[PDB]
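Go ahead and model the full structure; you've got the sequences and the hints to work with.
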Amino acid sequence: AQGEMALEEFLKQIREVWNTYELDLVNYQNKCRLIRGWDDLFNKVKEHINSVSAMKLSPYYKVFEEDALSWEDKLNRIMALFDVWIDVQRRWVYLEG
Amino acid sequence: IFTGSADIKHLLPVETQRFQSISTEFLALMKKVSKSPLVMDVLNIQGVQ
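Chain order of the listed sequences is L and V.
Read in order, the letters of the first sequence correspond to residues 2 to 98 in our numbering.
Read in order, the letters of the second sequence correspond to residues 20 to 68 in our numbering.
Errors might be hidden in some of the hints.
Claimed, not checked - With a Cα cut of at most 20 Å, we get these calculated EDC-like pairs of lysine to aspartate or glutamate:
1) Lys57/L with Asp60/V
2) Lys54/V with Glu66/L
3) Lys63/L with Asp60/V
4) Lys63/L with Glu5/L
5) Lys51/V with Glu66/L
6) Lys13/L with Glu23/L
Unchecked claim - Simulated restraints, written as ranges between beta carbons of each label pair:
7) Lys28/V with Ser54/L: 44 to 50 Å
8) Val58/V with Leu26/L: 43 to 49 Å
9) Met49/V with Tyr61/L: 25 to 31 Å
Rather than coming from a laboratory, the hints here were simulated on the basis of the structure.
Backbone N, C-alpha and C fix where the C-beta goes; we use that ideal spot for every residue, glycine too.
What follows is the structure, encoded as structure tokens:
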């Protein structure tokens, strides 16, 4: 009972961080807005990945196969989307100049 | 038709070999279902479809 209860509040912790997560935008010379603060986000995404991997070895993971695996698809796609985003943003910053 | 008939091995060698590979994949998949008769757990098998 207390073994599996942690599966909810952790999973909804992932639920509540992302729906409340905000992309910080700074105006770039009155042309557009840009995203900063990459270190905390990358730490945030990876620690959720590390947290879920601990759920993978948990014996009570069977009753939450679908939802936890669903977050892995979203979390990994977030990593893939933003790994190229940070580079693409950086290149455009010093190419427009 | 494959296991029962012994002449098919001599007369149809290569695709007989293809059958056991399919048979092993099918038998292994069935064994996965065998230990977990639950519909959802079978439905939750990675790449079962």
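Status of each hint after checking the structure:
For the hint linking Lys57/L to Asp60/V, the alpha-carbon distance of about 15 Å falls within 20 Å, and the restraint holds. Simply put, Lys54/V and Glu66/L have alpha-carbon atoms about 17 Å apart, close enough for the 20 Å limit, and the pair holds. Between the alpha carbons of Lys63/L and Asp60/V the distance comes to roughly 8 Å, so the proposed pair stays at or under 20 Å and holds. At roughly 10 Å between alpha-carbon atoms, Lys63/L and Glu5/L fall within 20 Å of each other, so this suggested pair holds.
Of the supplied pair hints, the one linking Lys51/V and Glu66/L holds, its CA atoms being roughly 16 Å apart against a limit of 20 Å. A hinted pair counts as satisfied when its Cα atoms are at most 20 Å apart, and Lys13/L with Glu23/L qualifies at roughly 17 Å. In this structure the hint that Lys28/V and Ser54/L lie 44 to 50 Å apart at CB holds, the actual value being about 47 Å. Distance hint check: the CB atoms of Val58/V and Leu26/L are about 47 Å apart, consistent with the given range 43 to 49 Å.
A hinted range of 25 to 31 Å for the beta carbons of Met49/V and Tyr61/L is consistent with their spacing of about 27 Å.
Taken one by one, the earlier hints all hold for this structure without exception.
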